[PDB]
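Enquirer: Generate the whole structure from the sequences, applying the supplied hints.
2 protein chains.
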Amino acid sequence: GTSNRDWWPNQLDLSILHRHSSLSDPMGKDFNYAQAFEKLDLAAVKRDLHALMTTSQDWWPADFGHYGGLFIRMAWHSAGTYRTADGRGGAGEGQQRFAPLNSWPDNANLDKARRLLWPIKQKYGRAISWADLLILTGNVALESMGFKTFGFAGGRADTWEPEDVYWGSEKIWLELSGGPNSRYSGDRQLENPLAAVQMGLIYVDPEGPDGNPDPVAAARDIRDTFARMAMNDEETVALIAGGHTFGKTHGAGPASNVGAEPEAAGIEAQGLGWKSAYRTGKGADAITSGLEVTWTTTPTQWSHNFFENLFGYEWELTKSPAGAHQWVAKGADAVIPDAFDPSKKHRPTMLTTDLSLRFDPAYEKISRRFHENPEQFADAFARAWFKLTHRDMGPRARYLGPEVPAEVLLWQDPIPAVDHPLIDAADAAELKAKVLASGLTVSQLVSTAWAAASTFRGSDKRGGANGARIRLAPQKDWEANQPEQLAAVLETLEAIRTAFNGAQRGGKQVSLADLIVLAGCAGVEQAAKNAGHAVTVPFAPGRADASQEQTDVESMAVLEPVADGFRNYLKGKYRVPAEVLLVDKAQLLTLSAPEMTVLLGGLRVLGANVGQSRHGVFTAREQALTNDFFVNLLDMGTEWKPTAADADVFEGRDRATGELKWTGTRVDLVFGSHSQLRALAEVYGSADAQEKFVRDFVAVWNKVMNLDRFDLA
Amino acid sequence: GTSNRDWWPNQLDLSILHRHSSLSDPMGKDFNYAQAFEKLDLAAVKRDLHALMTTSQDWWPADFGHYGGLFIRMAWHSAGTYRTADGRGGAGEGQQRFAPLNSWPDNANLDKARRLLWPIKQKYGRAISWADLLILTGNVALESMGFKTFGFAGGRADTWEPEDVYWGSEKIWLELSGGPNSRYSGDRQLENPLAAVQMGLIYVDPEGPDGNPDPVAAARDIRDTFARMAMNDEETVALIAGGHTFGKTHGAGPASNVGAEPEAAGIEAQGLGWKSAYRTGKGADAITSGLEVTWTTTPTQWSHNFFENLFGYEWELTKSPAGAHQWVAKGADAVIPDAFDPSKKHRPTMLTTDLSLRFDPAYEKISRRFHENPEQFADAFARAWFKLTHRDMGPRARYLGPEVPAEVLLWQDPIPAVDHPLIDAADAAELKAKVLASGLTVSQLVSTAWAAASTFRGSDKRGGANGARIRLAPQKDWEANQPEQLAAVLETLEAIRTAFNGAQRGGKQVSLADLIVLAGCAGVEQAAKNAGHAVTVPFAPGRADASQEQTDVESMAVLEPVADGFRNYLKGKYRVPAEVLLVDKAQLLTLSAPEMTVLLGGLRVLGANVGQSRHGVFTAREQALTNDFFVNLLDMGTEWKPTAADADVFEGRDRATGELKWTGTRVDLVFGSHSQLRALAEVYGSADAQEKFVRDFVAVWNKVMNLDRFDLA
Ligand code: HEM
Ligand code: HEM
Ligand SMILES: [Cl-]
Ligand SMILES: [Cl-]
Ligand code: NA
Ligand code: NA
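As given, the protein sequences belong to chains H and E, one line each in that order.
First residue of the first sequence? That's 16 in UniProt numbering, and the numbers climb one at a time after it.
First residue of the second sequence? That's 16 in UniProt numbering, and the numbers climb one at a time after it.
Among the clues, some could well be false.
As the list claims (entries may be wrong) - DEER-style ranges, computed between Cβ atoms:
| id | chain 1 | residue 1 | chain 2 | residue 2 | range |
| --- | --- | --- | --- | --- | --- |
| 1 | E | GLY274 | H | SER562 | 57 to 63 Å |
| 2 | H | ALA662 | E | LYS54 | 43 to 49 Å |
| 3 | H | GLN50 | E | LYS656 | 40 to 46 Å |
| 4 | E | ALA242 | H | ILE187 | 46 to 52 Å |
| 5 | E | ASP669 | H | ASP179 | 56 to 62 Å |
It is worth saying that the hints were derived from the structure and are not from the lab.
Note that CB positions come from ideal geometry on N, CA and C, so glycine has one too.
Expert: Structure below.
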């Protein structure tokens, strides 16, 4: 059936903003997963998981009698899709059960692992999400095998449809670099936002870069991809060596025996894939990656044998039974158990990427320290495993259940506890009045609160106005935040805060984080007043102020807005059209198309643009909250043309006279072009719409102010 | 940006069932368009529309000073997409403003027409939808030009995204027949559900079939397509000749001067397309179809000149200025006015397809009668115009405003007024108890109500259980409805009804239509009791019984379900997989993915399958309302394989013993295969889900029972 995407493959796609509707959600509109999980008997679930580890099913027999390795792999892959660039991927939505991830080649046979878990999921039902269950299972596997984890938080609600993530442009699974859609350029520079070396891999190729078995060059790929997943060298060595303390790879026979991935498989396969024609197709005969490596002498017990082997032997290159490059300790005795035959043993083996931990000079230092001090290895691995499996879960306030680690970690962008009475409605009114009396303008107030709040991204739930990090490095110097204007606003706000706080009785005070948001609320109310309308913008106190020492500056970098259509801002020239970047930002802010449209039209007339740009300011009453953007955008009396100077900037001229009325960007004019967005603009641009526009603007402004407020969830 | 559709172009697509979410809708959740329209001053709107007719805008000057022809075309095109096979297309959702219809070649320059209406739309805002507006404008155009219309109903609510309609498989606009994706085969047999001869046309090619200017062969295409749009010969001739009483075509220069369609045009085009480089690009120089024909001596006034010219001249084949095939009157004087130059006149001209009205022998009879009796023409055109522009609006209860025609037309599938008191709750309880005492089984009761209610389709809002048409020709003989079993159920229910009605006081009586649905309700109640559960199924009385004479048998034939996954029914072998046919049926029933899932799993275990087939009946307690379908479908103890006899039927055998447990079709097993559907099945197949399953089942059962209940809107 030919579709709009076929006829117009470069039109803008808004369907990303209407995924996850109530229509696709089987749970009732009032279902609250945190409520369900809070009443789960977690200890009962873990006891069932523990039993499962050693209860083999004949349709996928357990290696060594124990599913622990398979399940740790499952949970690292659930988490391992995460990219810091955009926060997308990760375990927090249980996306491994949907396309495309369920059918990625690096996810082969994890369909089996998930199926092994159905009985448990079925038993506990809506009280444990798949997303939570996949991670919990990885933890219980670790615990069952003698490893003490750092803890576990529940609270990852299930999702019901695939997320729309850019995973690359290749049309071939696992395509080696340098092709027509190469994700590399320059000197092995991987394109943002990607964090894997090939389409359908978690991080790197286990044979080495593009299959070249050089541990030294493979280490470069490891470092780059894991950094793109928010892990440093210490965490990376700990994770890889920790993981490969357990289980085995699977490569018993030629890969050509392996059939269609789940999404491609026949209906009778019932959601499973990679059915194999090689011997029994499973167990002793399993084929997953095509490698055939078992790392330790006790693949079902925590040990320090991975480093004992890595350092204790010299390695030689060999091939698995499928032809994959891997390494063997030829001088070793046969000390490694077979997964199924008690009478067979094997020599130590390693992947190219394991040997990187020894042959890269930076990693060797860390590996040696972990070798000589295995308690240091165990602590580093437990902490990195927690970080891996929680990095996308958002603020600590989202963490549920009895096993949440009390230690606050710098990566969590922590927010101090509030220990004092909060301001009330009367105090809020008093503060708004003080703010407006200080002389700060509607533009200043709206821009500052937008800048503070609109760092939030729902992909990993980082960012937002809680913490007042706008006043800290690096946010206070981001170009988009107008550093000099911001510093003058914050100085004025801080004085108001100090005065209010000093006059109080009995413990009451307000945070700067709250006051920044409250001040923006006052700006919005004043703008409504300027248009002749009395409105109250809602405001919820309780944000706290983080310190600079509670703020990892490097990790904050990925939250910098280099494109922000809501402030008509583009930091540099990009290949992706600016309207595409606007819809991406909307998606990160959790906005629907109508919310995006109302919010942008209101920000334009409130003076939120960076630099005071007149682009899109289609009003003769700036700093008044009206629907002038839409009314003027849609006026057929104005004709638009791109400028000679800049083809992405447009002049609107009176159609009869030729006189210049306005200027705009692609982000502005897409509202007058795209057939869905123009239908939205038309609603807000109608003569009956002034009240609608105001009310919908206040609601979406408040939504944005509260994106990180999981303390009020 | 590689997508799931790229990797797995044949996996089943559920996104059609979550279109039109509250996420994409700018109106609040409670907005009620009928309430808004009822408050519109319709007379004020029509006065604005009358003024617009002769208010020429320089960016698209009005032909002859009068936009009336352009607007009649616009409204005809809005309506002209409709197909009886599925009810899709038509004017009822205002889809002409979205892709792909906004950019179909046959919709060229209607983007101008729509933009001419923005000031009106803007003025009245949400109280007149675009969908109603496009039709209203057509009516006013007719009225303005001296033609009395039959009436007008409002009530077409706007929509906010493109509908997913199969419009064909061609990859080339306007591709002629016999290509790789031909919509024709055999002896010029057009593939259902299509109702046009080429991709991007409304009905037929105005040059003749595949561009061959034979009026006789063109007539065959006209007759076939118009019948596929619900119009007979009389209606067809009245519509074509009525339409071409007005206005003109546009082909002033070579089509190569015309640029990108709206969806392909630059952003500065602001939603318009087909910009032309030929001279002024507009007005006297306009190019739309490439034909250059003006039909009458008074293109802005109703006349009898179309038939006078058609029969009054002999016709010669010639070419427009763009090279298109058209006809010119032999020997005629220059009697047709020019659209812009008072000093020019033109000879009468005709399209190939106008000449079909004279050279097809059936049409000639009708055209001659209209020629000789122009009052007959005028009345037939008024009636056909009304039918054209209302055929998708549904039951008369939907029709709003002061101009609704009082006359009830056969095409509306009318329902008699209710003129007597309705049964109350006590009477419903009494009747349910009589139904259950009669011996009708749960399977019989549920199957009968399903068959009566599930005829509805929301594409054109035809069908549903109101009218008791299941007891009439042709529904009583549809194979899916199990005519012999149905006849027995209805005999029993008719006796229950006659007994009840005979015992009543005053005028109280129950309709068979209500009793059929109430009887199904009792079957569901019983099924719940059989499973040990106390449930009450809602029921709303008020359906009336239609007569045979109120039920056009030919028009009803398009409602026959040839595929009904909810009854595990497929009439024949089809090219499209049966799961695809299930999702299509779900969409016509207005169901979401979750509702489809729950409804199918419950119907299976209540005995709704055609023929008592055990396919998908995954329970040992048939006729009891449980979630057994889901529990048993997802049991990994069962292995599924296709049968050697029939690859579309599957055996589920105990994995360890080989014993046969179940049989299923693709409709059954897709719930265990497709990653999104299996995620839904899992919810309802969990240990905590029995009550949720029941409650969601009763809700969707009731939704289906009430789909045509616009009297309770
Ligand atoms: C450079 C990074 C990594 C590479 C290239 C990699 C590669 C692989 C490959 C190719 C397999 C075999 C798949 C199969 O054939 O069954 C696998 C197994 C496994 N990996 Fe990794 N790995 C990486 C990091 C990790 C990390 C971070 C963890 C966990 C903390 C992990 C835990 C495991 C486990 C437990 C298995 C064994 C599965 C089983 O017993 O069935 N690996 N790894
Ligand atoms: C066999 C069916 C028909 C064919 C092939 C057909 C074809 C066409 C074409 C090619 C045009 C010229 C478009 C342009 O270049 O501007 C046109 C114009 C128009 N048609 Fe039809 N037509 C059909 C039926 C109808 C019907 C059912 C109606 C209305 C009841 C209608 C009313 C009009 C009007 C009013 C115009 C003039 C537009 C203007 O003045 O700008 N036609 N028709
Ligand atoms: Cl994601
Ligand atoms: Cl449609
Ligand atoms: Na994420
Ligand atoms: Na329709």
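Enquirer: The structure should be examined with respect to each hint, and the outcome stated for every one.
Expert: Right, here's what the structure says about each hint:
1. At roughly 59 Å, the beta carbons of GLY274 (chain E) and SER562 (chain H) sit within the given window of 57 to 63 Å.
2. For the hinted restraint 43 to 49 Å between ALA662 (chain H) and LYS54 (chain E), the CB-CB distance of approximately 46 Å keeps it satisfied.
3. Distance hint check for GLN50 (chain H) and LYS656 (chain E): the Cβ-Cβ separation is about 42 Å, which falls inside the suggested range of 40 to 46 Å.
4. Between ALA242 (chain E) and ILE187 (chain H) the C-beta distance comes to about 48 Å, which sits within the given range of 46 to 52 Å.
5. Separation of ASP669 (chain E) from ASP179 (chain H) is about 41 Å and departs from the stated range, judged on CB atoms against 56 to 62 Å.
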